Amino acid sequence: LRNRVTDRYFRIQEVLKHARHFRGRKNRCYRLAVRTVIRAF
Amino acid sequence: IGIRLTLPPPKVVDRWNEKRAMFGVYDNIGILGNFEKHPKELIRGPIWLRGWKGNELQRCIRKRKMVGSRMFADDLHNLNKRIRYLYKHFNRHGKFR
Amino acid sequence: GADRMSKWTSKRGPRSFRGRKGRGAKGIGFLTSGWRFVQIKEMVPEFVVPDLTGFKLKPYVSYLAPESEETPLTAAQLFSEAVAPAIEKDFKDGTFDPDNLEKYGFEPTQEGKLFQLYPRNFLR
Amino acid sequence: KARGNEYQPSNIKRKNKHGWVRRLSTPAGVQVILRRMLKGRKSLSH
Amino acid sequence: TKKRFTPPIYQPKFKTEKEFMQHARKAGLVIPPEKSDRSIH
Amino acid sequence: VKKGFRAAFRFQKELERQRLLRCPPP
Amino acid sequence: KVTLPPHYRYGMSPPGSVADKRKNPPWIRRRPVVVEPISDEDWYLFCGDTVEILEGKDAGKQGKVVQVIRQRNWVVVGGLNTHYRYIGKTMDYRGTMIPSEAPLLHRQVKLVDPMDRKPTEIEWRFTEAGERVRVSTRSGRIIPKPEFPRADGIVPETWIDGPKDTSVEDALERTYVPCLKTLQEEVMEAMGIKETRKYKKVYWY
Amino acid sequence: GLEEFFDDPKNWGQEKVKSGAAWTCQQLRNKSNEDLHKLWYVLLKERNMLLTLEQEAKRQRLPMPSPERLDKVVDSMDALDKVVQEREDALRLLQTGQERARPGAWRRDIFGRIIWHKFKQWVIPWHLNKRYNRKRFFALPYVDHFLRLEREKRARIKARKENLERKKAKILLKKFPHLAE
Amino acid sequence: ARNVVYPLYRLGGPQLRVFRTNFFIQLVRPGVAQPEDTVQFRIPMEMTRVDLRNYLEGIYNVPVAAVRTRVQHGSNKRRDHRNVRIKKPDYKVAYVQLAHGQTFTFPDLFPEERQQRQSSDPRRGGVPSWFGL
RNA sequence: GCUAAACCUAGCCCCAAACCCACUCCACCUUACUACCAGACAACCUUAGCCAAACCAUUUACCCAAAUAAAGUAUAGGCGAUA
RNA sequence: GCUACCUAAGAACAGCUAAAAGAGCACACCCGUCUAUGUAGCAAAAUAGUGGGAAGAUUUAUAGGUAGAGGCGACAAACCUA
RNA sequence: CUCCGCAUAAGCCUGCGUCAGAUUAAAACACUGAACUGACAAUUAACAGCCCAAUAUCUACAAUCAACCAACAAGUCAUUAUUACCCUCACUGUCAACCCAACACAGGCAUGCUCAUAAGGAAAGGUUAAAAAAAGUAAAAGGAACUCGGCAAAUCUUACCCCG
Ligand SMILES: [K+]
Ligand SMILES: [K+]
Ligand SMILES: [K+]
Ligand SMILES: [K+]
Ligand SMILES: [K+]
Ligand SMILES: [K+]
Ligand SMILES: [Mg+2]
Ligand SMILES: [Mg+2]
Ligand SMILES: [Mg+2]
Ligand SMILES: [Mg+2]
Ligand SMILES: [Mg+2]
Ligand SMILES: [Mg+2]
Ligand SMILES: [Mg+2]
Ligand SMILES: [Mg+2]
Ligand SMILES: [Mg+2]
Ligand SMILES: [Mg+2]
Ligand SMILES: [Mg+2]
Ligand SMILES: [Mg+2]
Ligand SMILES: [Mg+2]
Ligand SMILES: [Mg+2]
Ligand SMILES: [Mg+2]
Ligand SMILES: [Mg+2]
Ligand SMILES: [Mg+2]
Ligand SMILES: [Mg+2]
Ligand SMILES: [Mg+2]
Ligand SMILES: [Mg+2]
Ligand SMILES: [Mg+2]
Ligand SMILES: [Mg+2]
Ligand SMILES: [Mg+2]
Ligand SMILES: [Mg+2]
Numbered sequence: 010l011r012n013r014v015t016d017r018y019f020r021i022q023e024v025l026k027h028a029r030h031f032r033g034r035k036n037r038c039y040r041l042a043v044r045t046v047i048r049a050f
Numbered sequence: 032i033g034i035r036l037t038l039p040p041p042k043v044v045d046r047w048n049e050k051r052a053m054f055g056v057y058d059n060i061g062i063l064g065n066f067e068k069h070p071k072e073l074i075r076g077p078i079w080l081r082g083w084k085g086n087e088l089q090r091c092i093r094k095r096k097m098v099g100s101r102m103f104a105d106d107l108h109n110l111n112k113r114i115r116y117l118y119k120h121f122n123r124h125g126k127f128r
Numbered sequence: 014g015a016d017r018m019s020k021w022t023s024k025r026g027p028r029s030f031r032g033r034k035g036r037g038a039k040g041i042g043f044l045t046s047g048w049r050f051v052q053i054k055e056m057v058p059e060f061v062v063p064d065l066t067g068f069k070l071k072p073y074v075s076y077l078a079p080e081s082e083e084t085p086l087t088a089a090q091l092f093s094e095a096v097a098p099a100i101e102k103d104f105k106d107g108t109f110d111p112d113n114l115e116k117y118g119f120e121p122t123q124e125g126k127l128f129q130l131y132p133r134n135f136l137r
Numbered sequence: 047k048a049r050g051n052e053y054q055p056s057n058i059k060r061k062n063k064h065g066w067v068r069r070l071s072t073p074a075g076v077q078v079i080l081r082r083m084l085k086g087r088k089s090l091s092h
Numbered sequence: 037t038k039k040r041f042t043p044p045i046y047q048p049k050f051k052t053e054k055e056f057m058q059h060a061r062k063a064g065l066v067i068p069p070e071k072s073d074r075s076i077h
Numbered sequence: 031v032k033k034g035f036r037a038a039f040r041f042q043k044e045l046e047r048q049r050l051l052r053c054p055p056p
Numbered sequence: 012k013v014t015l016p017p018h019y020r021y022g023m024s025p026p027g028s029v030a031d032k033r034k035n036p037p038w039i040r041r042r043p044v045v046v047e048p049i050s051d052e053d054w055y056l057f058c059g060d061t062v063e064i065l066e067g068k069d070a071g072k073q074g075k076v077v078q079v080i081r082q083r084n085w086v087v088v089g090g091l092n093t094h095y096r097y098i099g100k101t102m103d104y105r106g107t108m109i110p111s112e113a114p115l116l117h118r119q120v121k122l123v124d125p126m127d128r129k130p131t132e133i134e135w136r137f138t139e140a141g142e143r144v145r146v147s148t149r150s151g152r153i154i155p156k157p158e159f160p161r162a163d164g165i166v167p168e169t170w171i172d173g174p175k176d177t178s179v180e181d182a183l184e185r186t187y188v189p190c191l192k193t194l195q196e197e198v199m200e201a202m203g204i205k206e207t208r209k210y211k212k213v214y215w216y
Numbered sequence: 063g064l065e066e067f068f069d070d071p072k073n074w075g076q077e078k079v080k081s082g083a084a085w086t087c088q089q090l091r092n093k094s095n096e097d098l099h100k101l102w103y104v105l106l107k108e109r110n111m112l113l114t115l116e117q118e119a120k121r122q123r124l125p126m127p128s129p130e131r132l133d134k135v136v137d138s139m140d141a142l143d144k145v146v147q148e149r150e151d152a153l154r155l156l157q158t159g160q161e162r163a164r165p166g167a168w169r170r171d172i173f174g175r176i177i178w179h180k181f182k183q184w185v186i187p188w189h190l191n192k193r194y195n196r197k198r199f200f201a202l203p204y205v206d207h208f209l210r211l212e213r214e215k216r217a218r219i220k221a222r223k224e225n226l227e228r229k230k231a232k233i234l235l236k237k238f239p240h241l242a243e
Numbered sequence: 002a003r004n005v006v007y008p009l010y011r012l013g014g015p016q017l018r019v020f021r022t023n024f025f026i027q028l029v030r031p032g033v034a035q036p037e038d039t040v041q042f043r044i045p046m047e048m049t050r051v052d053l054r055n056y057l058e059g060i061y062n063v064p065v066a067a068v069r070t071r072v073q074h075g076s077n078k079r080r081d082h083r084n085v086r087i088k089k090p091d092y093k094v095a096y097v098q099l100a101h102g103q104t105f106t107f108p109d110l111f112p113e133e134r135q136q137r138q139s140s141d142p143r144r145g146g147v148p149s150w151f152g153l
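Protein chains in written order, with UniProt numbering: chain G, 10 to 50; chain Z, 32 to 128; chain R, 14 to 137; chain W, 47 to 92; chain A, 37 to 77; chain E, 31 to 56; chain V, 12 to 216; chain U, 63 to 243; chain B, 2 to 113, 133 to 153.
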C-alpha cells in the first residue's frame, strides 16, 4: 500500500493566511513565511 | 496545484457478494470437523508461505531452499544478494546488542 | 562518429571496398588476367517470351462471372485425374505390373533431366 | 596541444577492429554478441 | 508532463476550392478522391 | 492522480466559497 | 498498406482519410474505448436494414441503416439522431447548414418485424435448405439480409465489358489437361525450343 | 514498341478508367500452363503501364486516375504465381516426396539457437571448401547460460501478456455486468 | 528474376532461361535534357543492362543500341516523430538509346455559384436583413 | 489576465497454473546480412577479492534436491570472530 | 584510428653558399623559446608577434603488431582515446 | 582583401537544385534568402575499383639527366621449359557549400597543379567619438637614469665566465 499526502494544500494555507499582510516573498512562499509567522506569534 | 479540481467517481461497494458473504466460513474446520483438517491448509498462495510467518531474512532464506531450484537466474542472483545484505544488517548493524 | 545503424553499401568505404561490393545482380562471367572480363552467353538468363497474337485472355475479367469456391490442388487430386485412368484401363485389360510404372508416367530418378524437381535447377 | 580529435575515421580499421568477423573469432567476442542480443541491441557490431 | 506548444493562427489566405487545389499542386500535396457509400442526407 | 475523496470534497467546498465571494448572490 | 497503432480509435471518418490523419496522428495516445465483444456470427445488423431507435433525441422512429462500424459496434441511420453542422464553409462565407447523423450503439436500436412494424428481438436459425437466417422471437418470421450496393460501386446487372476485360466465355473455358510435366517442360515443347546439352551435377551444402 | 508503356491515347486526361475484376486463383486452375505463361506477359505489360502512370502522376503532382487497377493486376499476378507453384509442388511430392524444393537442414549456430540452413550450390565437396569450413554449426558450453537467459526473457513477456488479457476481461465485466453467462 | 536461386552453370551446360520474369520496369520522364534517341527507365537493383536489352527486345520488340545504368541514393535524412530516420528506397536508373534512328519524346499523359451570393449592405449598419419589418 | 493547473488510462509488480522450444521467397562467420572452387585452427583446468575479526597474517554463512522437529545440539575454530 | 616504440611497402624537402657535411642563411613543412591578449575562450591549451630546426637520429599518409599482476619508454615515474 | 584556389585520396552520405511553406537566419520591417520541413528531380565510363591455369626452373653487377667521378648506410621493378586454354566489354564508385573537434568552432587535415592568380572572397547593423582596456603609428632634450633582469620595443653589436 502506497500512501501519499492528499491534503497538503490546506496544511500550508493555515500558515499563509497569517502572512497575507507581510511584505515580499514571505507572504506567498511557505518556506519563507513559516519562519516569519512563527516570529510574529 | 497537486490537488484535483473535480470529484472522483463514486466508490460503490457490494457488501453482500459471494466473497464477502462467505468470508470466514470453514475457519473452524478442525474444531467442528474432528480435526481432520487444519485451518492453515485453507491458505492459498506461495508454497513457501503457507501456514508460516517470518521476517524478510527468514522469508528469503525459506524461498531459496524451497523453490530456489526453479527460480530465474536473474531473480535468484538478486535473492542471494538480498540475503547477504540482510545478514549484515541484522547481525552487525543496529542500536541494541 | 560512424553510423552503425545504417545499411552497409558499396557507396561506403575506400576504392577497394566500393568495387568489391555489389547490389544483388547475378554474375554472368569471370575476370581473366589483365582485369579482362569474359561474358558467358549460357550464364545470361534467356527470356522465353511467347507469341501473344490471337490470345483471348486479357488483364481483367468481367464481373458477370460466378463466385466459384477455391479448391487448392493436391498431389492426390493430380494423381487421380491423370495417372489413375491409365492404371484402371491396364488393370481391367489384365496387364499391370510395377516394372512398367515408368511407362505410366512415374520417374524413378531426376538425373539425366534438364528440369529436375529436387533440387530444382530451373528458374520460375 | 588541443585534444578531442582522437577519432580519425577509417572504415578498414573499424571493420577489422570491432567487426562481425572479429567478434566471432574469439569466445569472448561471441559473448559480446550474445549480451547485445539478450539486451535487444538494434546493432550488434560494426 | 502536460506540455503542448501551439503556434499562432495561420489564417489560410485562399478561400476558393480551385485555388486550394491549384496551390496544393504547387506544393506537391496530393489528395486522392474519397471512397464511401454513405452520403449526406 | 492521487487516490482519496476527503481532500477533493474539501477542496470543492473552498471553491464554492471563493465563487460566492467573487460573485455574491442577490 | 494498413498502419494502425495498437490503440487506434475508430471513428465516423474512414481510416487513412485526410480527416482521420489530422484527427489521429501517429503520435497521439488516447484512452481506449471499451467495446462489448460480439461474435461475427452473432452480429445481426447490416446496411440497408430498417431499425427502430429506442433511446435518443428522436426515439420510436424507424430508419434504414446506411453504415455500420464493427470495431465500435456502431449503427448509422439516415435522418435520425442528427445534429446540424455548416458544410462548405469559407473565410468570407459562413457556409451551408446540413443535418449530420450521429452513431448509435447496437443496444440503442432494435430491429423491426416485416409483418408488424414494431421492435422485435431475433435469434438465428436454419431453414430447410440449411441457409442460416435470423428469426424474430415473437411471431417468428424470416428476415432476409437486405441487399446493399457494393462498396466499389460496380453494378453487375449494368456491366459493359471493355477492351481489357476478358469475356465470360473465355474466362470460364477449361483448357487444362492434368499431366506430369512442369510449365517449363510443357512450354519448351510448344515454343519449339530444343536443348541437347545435359546439366552436370553440383553439391548442395 | 514503346507505345505499350502508356495507355490508349484517348484515355489520357481522363479521371476514371473502367476496369474489370481481377483473375481469381480458381479461374486460373482451368487454364493450361501454356495459356498461363502467355497470360503472365499480358499482365506484366499492363503492370508496367500502371507503374509508369503512377510515377508520372507524382511528377505532375496529380492523383492517379484509377489506382485500384494496379491492385487488381498485382492480385492477379500473385494468384497466377500461386497456381503454377501449386502444380509444381504437387508434382514434386509424387516423383520425389519432398516438401521443399531447395535442400536444407536443421542446425545449431555458433550462438546456440536453432536455425534452418538453406544449402547453396557449389562445385567442390564441403571438405575441400576453405570458406565453408570456417563457418561453425555447433555451440560451446559458454552458450548455455545465455540460452537460459533468453528463454527466461520470453517467459516474462508471455506472462505479462497472459495476465494483461485476464485483467481486461475482469475490467470488462464492471461496465457490462450482463456478460456473466 | 529476383529473389530466386540461379541454377549453377558449368562448362558445356545448358543455356539458362527464365520463362516468367518478375522484373517490373517503369518508364520515367527525364529531369534534365536528353537526346531524342535516349530513353530513361527505373529498374530494380538486381537487374543488369544486358537483361534490360533482352527484356525490351523480347517483350516489347524494341531494338536498343546502348544501355547505361546508375544507382541513385535515397536520402535517409527524414526523421519521424520518434527522431528515427526514414529511408527513401535506393533505386536504379537506366538510359536506353534506340538503334535505327528512332526518336522518343515523353507523351503528355495529363492533358487539359460563387457569383450567386448576396453580401451585406454597408448602409444597413449590420442590422439583420431577414426581417422585412 | 498570461504562464499554467487538473484527469485515467496505457501498461507494470507479486503469486498460481502450466515445462520450454520456428517457418513466404532471397541474403547473412569474407569488410555478417556479399549467388559459384583444393580444404584439414578447434571445446574442457581449484574463482578471487571487498567485507567481519573493530589492524591483519589461519579463518569469515552463500539454494544443491522433503516443510516441521531433533538443533543452533554433537562438532569445528588465531578454540577468537564466527561456522 | 590519440599517443609511445616497432613492421611492411610509399611520399615530401624552393632558392643561395659550400659542394665534403647528423654544415650555414632561408620558404614549404615540423617543433613551441620569449612576450602580450585570451581564462565558461575562436580553443576542455587557442590567437598575434618573436623564435628553434628545416638532406636528416628529418617530417609525413596508409595498413598491421605489442594490453593493464601488462605494454612502450634517447627515465620526464613520460605515454597507452581530453 | 586574396589567409588562397581547382582537383585527388580519405572521410561523410543528399546536407543552399526546382516547386511550396505557418518553419528559419539580426532579417514577416515591405520583399529577398535558406543549410529546416514537405514534394519532385539527380551522379550515365573511356577515369577508378573488382584480376591471373599447373609444375619445375631462372633472377652476382643500385639509384643519382648515369656518361666522367666518388662513395656507403649496399639499395623498389627482369624469366625459361612443357602442358592446358577461340564466348569476350558484366558488376560497383561518380551529387553538395562536405571530414575530425558537443556548434554553420579564429583549431586539426595527406598528395598534385597554380606561386599570384583566369580561381575564391568582405574587416564597417546605424550613430556618437568619455574613461579604463586592447592593437598600432609618431614624438622635443636626454638615452637603460626603467627593472629581479635592456622584459617589450628599436637597432643590427664587443668581449668573458659557468654547465654540457
Ligand atoms: K543487529
Ligand atoms: K582496515
Ligand atoms: K581554437
Ligand atoms: K595497430
Ligand atoms: K556528408
Ligand atoms: K572572383
Ligand atoms: Mg557506372
Ligand atoms: Mg577487519
Ligand atoms: Mg589500515
Ligand atoms: Mg593519425
Ligand atoms: Mg621498414
Ligand atoms: Mg634545399
Ligand atoms: Mg643542417
Ligand atoms: Mg640551420
Ligand atoms: Mg622518442
Ligand atoms: Mg629522474
Ligand atoms: Mg621524480
Ligand atoms: Mg579502365
Ligand atoms: Mg566531383
Ligand atoms: Mg562584415
Ligand atoms: Mg565583426
Ligand atoms: Mg564603426
Ligand atoms: Mg557597431
Ligand atoms: Mg584612453
Ligand atoms: Mg623621444
Ligand atoms: Mg639600474
Ligand atoms: Mg649600454
Ligand atoms: Mg631604480
Ligand atoms: Mg627582446
Ligand atoms: Mg647540450
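Everything labelled a hint here was simulated from the structure, so no lab data went into it. Treat the hints with care, as some may be off.
Below, a list of computed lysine-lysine pairs in the DSS-like style, where the Cα atoms sit at most 25 angstroms apart [stated by the list, open to error]:
hint	chain 1	residue 1	chain 2	residue 2
1	U	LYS182	R	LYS126
2	U	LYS229	V	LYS212
3	A	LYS71	V	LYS212
4	Z	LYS94	Z	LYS84
Each hint tested on the structure:
1. U/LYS182 <-> R/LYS126: holds (20 angstroms)
2. U/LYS229 <-> V/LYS212: violated (60 angstroms)
3. A/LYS71 <-> V/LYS212: Between A/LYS71 and V/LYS212 the Cα gap is close to 56 angstroms, so the pair fails against 25 angstroms, i.e. violated.
4. Z/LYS94 <-> Z/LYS84: Holds, at about 12 angstroms.
Checked against the numbered hints given earlier, the structure breaks hints 2 and 3 and satisfies all the rest.
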